[PDB]
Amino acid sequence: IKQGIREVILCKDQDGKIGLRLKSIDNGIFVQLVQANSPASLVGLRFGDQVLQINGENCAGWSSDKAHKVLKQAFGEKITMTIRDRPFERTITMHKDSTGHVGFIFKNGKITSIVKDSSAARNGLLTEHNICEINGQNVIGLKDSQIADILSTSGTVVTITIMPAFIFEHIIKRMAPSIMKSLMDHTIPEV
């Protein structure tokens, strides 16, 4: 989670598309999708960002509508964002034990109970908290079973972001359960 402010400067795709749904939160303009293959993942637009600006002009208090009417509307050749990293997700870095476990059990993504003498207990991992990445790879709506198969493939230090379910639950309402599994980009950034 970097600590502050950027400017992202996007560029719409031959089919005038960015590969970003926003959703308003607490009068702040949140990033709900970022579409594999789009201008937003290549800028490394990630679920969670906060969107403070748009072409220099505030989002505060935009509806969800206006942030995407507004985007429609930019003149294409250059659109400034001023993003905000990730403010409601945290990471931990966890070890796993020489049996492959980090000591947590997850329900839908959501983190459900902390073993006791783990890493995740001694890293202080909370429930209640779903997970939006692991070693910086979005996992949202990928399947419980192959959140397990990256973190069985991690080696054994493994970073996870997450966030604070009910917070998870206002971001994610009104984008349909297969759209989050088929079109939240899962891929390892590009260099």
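Residue numbers count along the first chain shown, from 1. First, how it differs from the form deposited in another entry.
- Among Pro87, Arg21, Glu133, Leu52, only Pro87 lies at the hinge, the spot where C-alphas switch from fitting one rigid part better to fitting the other between these two forms.
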Given for the second form:
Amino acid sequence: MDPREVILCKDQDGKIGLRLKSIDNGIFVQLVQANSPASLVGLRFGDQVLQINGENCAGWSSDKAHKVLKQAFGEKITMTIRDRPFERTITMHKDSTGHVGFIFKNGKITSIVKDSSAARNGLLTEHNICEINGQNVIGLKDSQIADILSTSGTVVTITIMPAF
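Show the other one: the form deposited in another entry, since we just had the form deposited in one PDB entry.
Below: the lone chain, stripped of partners and molecules.
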């Protein structure tokens, strides 16, 4: 909730590696490209953008935010950021079959299995998986998320966020 400032420099192709999305008259980070200027200043999926070059993003369309970034004079772009403000952590325990009890697609939880640790702990659907046991899984394929869950110990801590 406490804002922080980041300075980006456009790469060789003139890009910062960011897709922004207008939600509820705010601006949120929808995509950070691996190894991008955005990635290197710590921008993450679900970050809220309060200011671009000291101008308020309030009520901006996705297009406007993107036009402002594209037209930005010179190499140096400032953003005022709230770090993943809607991020929440839930702890589950694997059952005798090694399952916590949820289905997901494209890193979004789609159903909760009856009588599972996910059910007991009130895990929610229409939430994106951000981290498993402190490991960032944004941008991983579903099979890679399953690989991490399958190799986990009994305790599974998942960081979630309401989906875009």
